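For reference, the chain that follows is the form solved without 5-fluorouracil, supplied as structure tokens.
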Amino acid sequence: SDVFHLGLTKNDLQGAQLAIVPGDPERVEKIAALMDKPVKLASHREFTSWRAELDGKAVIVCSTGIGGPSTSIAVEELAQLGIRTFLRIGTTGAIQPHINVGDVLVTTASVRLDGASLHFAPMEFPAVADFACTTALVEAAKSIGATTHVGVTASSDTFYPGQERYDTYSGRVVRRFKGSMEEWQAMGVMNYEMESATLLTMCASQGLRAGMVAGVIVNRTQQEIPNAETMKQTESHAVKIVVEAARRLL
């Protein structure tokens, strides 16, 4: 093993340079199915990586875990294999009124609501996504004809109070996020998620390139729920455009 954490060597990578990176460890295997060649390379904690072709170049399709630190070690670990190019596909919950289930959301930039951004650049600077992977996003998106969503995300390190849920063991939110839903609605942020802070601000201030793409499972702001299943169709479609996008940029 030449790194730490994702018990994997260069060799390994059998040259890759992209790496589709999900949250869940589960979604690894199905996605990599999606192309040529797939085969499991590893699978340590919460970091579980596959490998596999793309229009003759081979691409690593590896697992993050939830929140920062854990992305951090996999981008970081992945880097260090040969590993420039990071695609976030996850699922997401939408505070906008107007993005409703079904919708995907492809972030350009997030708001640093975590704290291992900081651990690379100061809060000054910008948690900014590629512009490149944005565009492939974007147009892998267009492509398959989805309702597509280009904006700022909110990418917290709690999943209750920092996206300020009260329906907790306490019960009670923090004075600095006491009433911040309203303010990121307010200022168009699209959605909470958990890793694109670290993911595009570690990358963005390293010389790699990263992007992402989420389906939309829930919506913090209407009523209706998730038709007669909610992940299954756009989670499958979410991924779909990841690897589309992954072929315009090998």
Contents of the next structure:
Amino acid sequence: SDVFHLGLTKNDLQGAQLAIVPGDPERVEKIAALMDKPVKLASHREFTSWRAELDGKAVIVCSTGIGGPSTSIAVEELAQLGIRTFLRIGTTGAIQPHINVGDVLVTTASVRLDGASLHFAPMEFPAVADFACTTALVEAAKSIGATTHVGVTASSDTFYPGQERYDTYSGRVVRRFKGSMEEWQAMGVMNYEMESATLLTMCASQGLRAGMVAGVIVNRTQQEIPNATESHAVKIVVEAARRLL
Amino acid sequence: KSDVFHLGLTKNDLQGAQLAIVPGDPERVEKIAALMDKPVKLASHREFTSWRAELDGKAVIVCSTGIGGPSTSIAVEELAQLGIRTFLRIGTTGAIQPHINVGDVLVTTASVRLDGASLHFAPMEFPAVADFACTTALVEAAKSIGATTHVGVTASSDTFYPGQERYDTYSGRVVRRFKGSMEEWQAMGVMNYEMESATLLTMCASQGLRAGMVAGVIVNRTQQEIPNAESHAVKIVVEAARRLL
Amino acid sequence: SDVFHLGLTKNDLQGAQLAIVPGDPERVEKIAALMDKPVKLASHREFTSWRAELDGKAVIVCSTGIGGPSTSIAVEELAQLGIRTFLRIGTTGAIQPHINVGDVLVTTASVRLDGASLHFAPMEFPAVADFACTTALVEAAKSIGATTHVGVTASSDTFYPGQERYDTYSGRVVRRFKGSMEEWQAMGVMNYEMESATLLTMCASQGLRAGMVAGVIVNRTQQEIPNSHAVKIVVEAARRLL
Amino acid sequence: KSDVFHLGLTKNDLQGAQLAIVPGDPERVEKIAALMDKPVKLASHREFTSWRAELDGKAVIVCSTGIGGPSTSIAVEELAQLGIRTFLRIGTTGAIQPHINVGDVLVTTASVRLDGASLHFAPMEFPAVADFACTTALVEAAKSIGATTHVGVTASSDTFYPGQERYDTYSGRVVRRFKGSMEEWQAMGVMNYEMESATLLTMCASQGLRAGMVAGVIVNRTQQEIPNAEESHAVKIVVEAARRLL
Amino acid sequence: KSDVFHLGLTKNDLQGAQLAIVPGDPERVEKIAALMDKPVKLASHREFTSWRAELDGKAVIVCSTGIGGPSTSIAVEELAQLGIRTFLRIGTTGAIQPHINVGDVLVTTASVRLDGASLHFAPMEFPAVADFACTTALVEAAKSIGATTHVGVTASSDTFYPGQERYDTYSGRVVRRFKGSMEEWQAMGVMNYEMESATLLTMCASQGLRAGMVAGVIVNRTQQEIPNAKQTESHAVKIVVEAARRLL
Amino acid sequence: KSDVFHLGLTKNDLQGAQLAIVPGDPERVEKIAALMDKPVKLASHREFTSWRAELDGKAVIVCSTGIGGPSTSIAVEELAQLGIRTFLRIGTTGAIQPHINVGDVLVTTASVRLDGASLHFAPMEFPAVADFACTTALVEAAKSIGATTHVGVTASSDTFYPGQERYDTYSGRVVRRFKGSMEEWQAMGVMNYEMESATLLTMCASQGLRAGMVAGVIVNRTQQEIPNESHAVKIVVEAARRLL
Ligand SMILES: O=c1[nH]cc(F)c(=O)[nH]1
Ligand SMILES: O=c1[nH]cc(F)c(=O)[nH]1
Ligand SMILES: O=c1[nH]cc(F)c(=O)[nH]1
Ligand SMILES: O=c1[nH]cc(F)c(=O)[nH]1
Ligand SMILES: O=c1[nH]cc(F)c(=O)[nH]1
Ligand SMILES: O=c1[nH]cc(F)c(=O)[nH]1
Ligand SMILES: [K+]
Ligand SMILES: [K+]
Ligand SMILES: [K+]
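Switching conditions: you have the form solved without 5-fluorouracil, so give me the form deposited with 5-fluorouracil bound.
Up next: the whole complex, starting with the chain shown before.
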């Protein structure tokens, strides 16, 4: 195929230039199933991809897996195939008391607690979302009347210590991360996730457009682990996609 | 003699103002306040000249910051003590992309942190990112007046010379860190250089203050190092201030 | 389910204390089928987990996906469930001229060109493999007869720029990693992969045992993109560690 | 019609000047100049106000820098393009050692680099160290007039608030890096805080220029955070030190 | 006179030796050399005292490095210029784990880089890892001698005092970076403190030289700061000599 | 017995001494002490040879530090515990400026911190700066004897080879950080390279102790890589008299 990990060819994209990139492979089909003419493209490792049509235009929906490293592979390979706009949709844990489960978060930029971002730009470069993409996400949110918050997100290379979880095997957190939640909290950070800094950084420094939207599944001021609906963040990412085609 | 050590202002002076406009040049403070209703000179200490004015019935502050993040940080901190919650910076800048022309207006989504003052509010991992309401209000203001606008990332440097990789200087040398840097910022899509935005955006975004950033291009570095001897920016910032009140 | 991502209970493990952790979830069944009574436990996201028996004890085979981040999840949730020893098996790109495709590499310690490792120990801490696991892997390779190389591995958060590939959309590599492959080469580094730094660091810093073995699928002194002995080795090493 | 972009000055304006005295406050420039012979205003742009004067026959410049290392780097760079080789900074400062009183004079031998601009001239490992000749001139001037003097290390901060660990602020918080920091600089024997020295000293030491630094104490941080409302030994000392550095 | 600037040795002096044992203390060089055949004193300049001996028909060098990465880096480099390819460090150490006793033997797999010299050879991301053959020979040597042995990670510090979080000092102060650090290394499973291995291991691992590190514990930090002037064992010495047989 | 773990000295051995001259070479200690009154050998353990002597009726210590910051930090700490408050370092150095000649004397105002030990006393932002009274003494002493002197910044390196960008070495490689660095220090007016000043200067300046540093130039790196006098010794002893 045309790309090493994804197993896709330029032919599979049929002219698509926008991709919606969830973290979970099993969500790919459900997102594509909201659009016209969904067709499965390929399934390798953590990269599941579908093609669909939105207003007569081809759109790609491809999973990135968990974390910057695999995310960077999806974005890079999708870029080689002609994608220029990436809309990530994920799940997220909120760290502000006024943000509720079910709420929708739109990320203007990300605190860079990852490692892959640095493979694209030095630390001082901002992991900032594209203005057109963020606008579109914001305006989509309003059109469906979702409770939406816009601002900064913390993007961690780990789910546990980097998000200062203590309910773990070691029950311990390295110095850099000890007390860090309350720090990000005092600094207005809205939430924690694991892909945004890689996605936003590599795209802002390579001429690609990226936006990030997330559904709040747990509030960290209350508990550490989410319980066993996200549909809002999905309807919003598809509707923003339309405005960007 | 007042409520704040450097600005020489009292809370009574602001008369309930909650948004300030912050130029670099003390001289330009009067020119900007005069574009609004009931301009009243308040104080002038060191490089901190401040006027009060009125915009659609509500009090607004205009206050110069001087050159660079340290005096900018003084002025934002003291104005915030006096009740200011939204700051809009208007400035001049050197463009580093060929397609950007002298006279064009740049709106900054976020900045590369090539300064030190920002580090005094948030660690380097934190994004020097503009508020989304301010950025939107600038962009929509620039459209209302029909100015050539570019929206993106700005390199924000603690120096005018080596930090912007100028070689026509006394030493004629540039420290390793910055040698080759302008070409790198160019490849990453950075639009321009200036000296106050990293400090401004970081301190605001990490403390719950809203901040935007707009600038007029006075030189293009692809052509020359030093700008020529010589209004869009000012109109836009006043107009955005109106939309934000 | 007692853990958030893996969908596993302690009951599923039947007392297992050792896991073999490959990157590719489609490789978990093959590895498991080399052992006895292979059973499919769970499969969520990139985490596909099988249980089998070896040396008359329960063993876990569980995929981590690509990169430190999803690796740190698997290792932490398996640890919570009883796993004390982790045997990494992956694929890798060699950067030394004398290392051919089909060779087997055992990592003693890794260059930390990753981020997740810092969520466990500051950069000064070595990303070093456990000495028992490393021995068990090297002796297993001397018995299988494979061509083996032992040493330092460069563990990257990216497949492309971090490994100094230029045939990419941007064709660009950030200042940090520009010229970096020849640097590692000159420092004796054997190969590139993407998970070892995180695994080694989080394990060596929390009283867990880990080791790492990989089969070479490309040699970078020849090309950027690549056109079963490591599997037998990793299974035999686990046999010894039980 | 100038030779430099910010200061609005020509090399002819300096009339052979090779030593500059550099206060922070534009308004203090005339007053310092008048303490010497032939005081004449040169230019005034933004925070850079510049007067020429004469000291024992030799032309001298007095030029403000504004607050902070960024505007200091500019003024120093453009002055050096116009011929200045020696820079004497005169400022105000907040002491953090108990035995140092308001009204005392401080001569900096080197600064803690808590700024950003110094890094545009040298990496962190390089010392923001003052020139030995300037430092000697300042010390011997202070002793000649019998001013209470302290000689040693200064912490130079890119901010007035969080960097000098002030909590009486809008946010009321200080970032991890600076939390507990004032107590540390105290234990380390640091005399005081100010905002320009690290940049000035680093850029001059690494570019073959001579720099000296003397400051008046206007508040003691063991007593209070903000200096009160309100002899002149510091300014007297810098002009006296300049006579020896000519 | 000589071929190298500090050691005062010529290639001829080494008699074709390829392996060196490198203790810290000059006064220990003779003792270790005396354990082998035909001990001969080569040179003694500054803190570099070097003997040559014969182990199993092969020439071997014993050379003291002094305290710290800097002088260690000098010895190793000049010994390398003279043909030495394998380096075995033997020293004393202070344990930070409760279960490690005075007189116990420690074999370092890799080290925490709390030094400066290693950065002159390799960026911090690079592991200060011992050679796998050297480590193996040392562990097997320890088995044969029946020594109480622990294998693991060592913290290698540029100072004796603040870097190893000692407070009974002139200042009684430890800078923020090292404050609370001992207990952090303890929780990360680090066995001990010493002052040379990070530099030794790193400059060797990154320049195609083999190195291994063994040390005898002379104090336990969970008990006291300064070692008593005892349960001391010269096992380490025996271990390194026997390991040298395996590496020859 | 001993009060200090490495030096093997008790406070009784110092007899009130509060100043020490500290060379790198153990072998040099006796020759330096023999320039003063009533020289007596105190102890010699590993690389720390210590002598006591009198200068104008006052006891002074001469103690070797060995090569590098780590052992220097030991000798300084332990002497400090024994009552030493002022340290005068005398060393040898390689000049990196073409105008500085072999045999010239260098006085260090401050050091570029290319070591590791200095960081165990203060963060990197802190200046490795000499004490002004010691520097004044050294400079006026050098003026007193009539030696060719340069005053300024020194580069203090944790290695002799790569940190000082020497390429004639086993691997003939220099890691990225130090590649091109000598030319950089040269352009920043750095005078010279040695290996102990950053540590001695930072630990003394952050702990209320006085330190000065003077060095004799034995090689000029613009001319050659490896070196192939006595003025710095005169100066550090003469300066010792002024600090007493
Ligand atoms: O990285 C995260 N993803 C989802 C979550 F709910 C969370 O808390 N953290
Ligand atoms: O900081 C800057 N301000 C204005 C300019 F024109 C420029 O190039 N740089
Ligand atoms: O991380 C990597 N995995 C597989 C490879 F072939 C390679 O070169 N790098
Ligand atoms: O930067 C400062 N200048 C003057 C002062 F009094 C102070 O405390 N800080
Ligand atoms: O570096 C050290 N060597 C020996 C010891 F006993 C100790 O505690 N630290
Ligand atoms: O550290 C050094 N000491 C002495 C020298 F001659 C030299 O070049 N470098
Ligand atoms: K200013
Ligand atoms: K993954
Ligand atoms: K030594």
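Definition used throughout: the rigid core is the maximal C-alpha set that superposes within 1.5 Å between two forms. Numbering follows the first chain given and starts at 1.
Looking at CA displacements between these two forms with the core superposed, a shift of 2 Å or more is confined, among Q222, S205, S43, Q185, to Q222.
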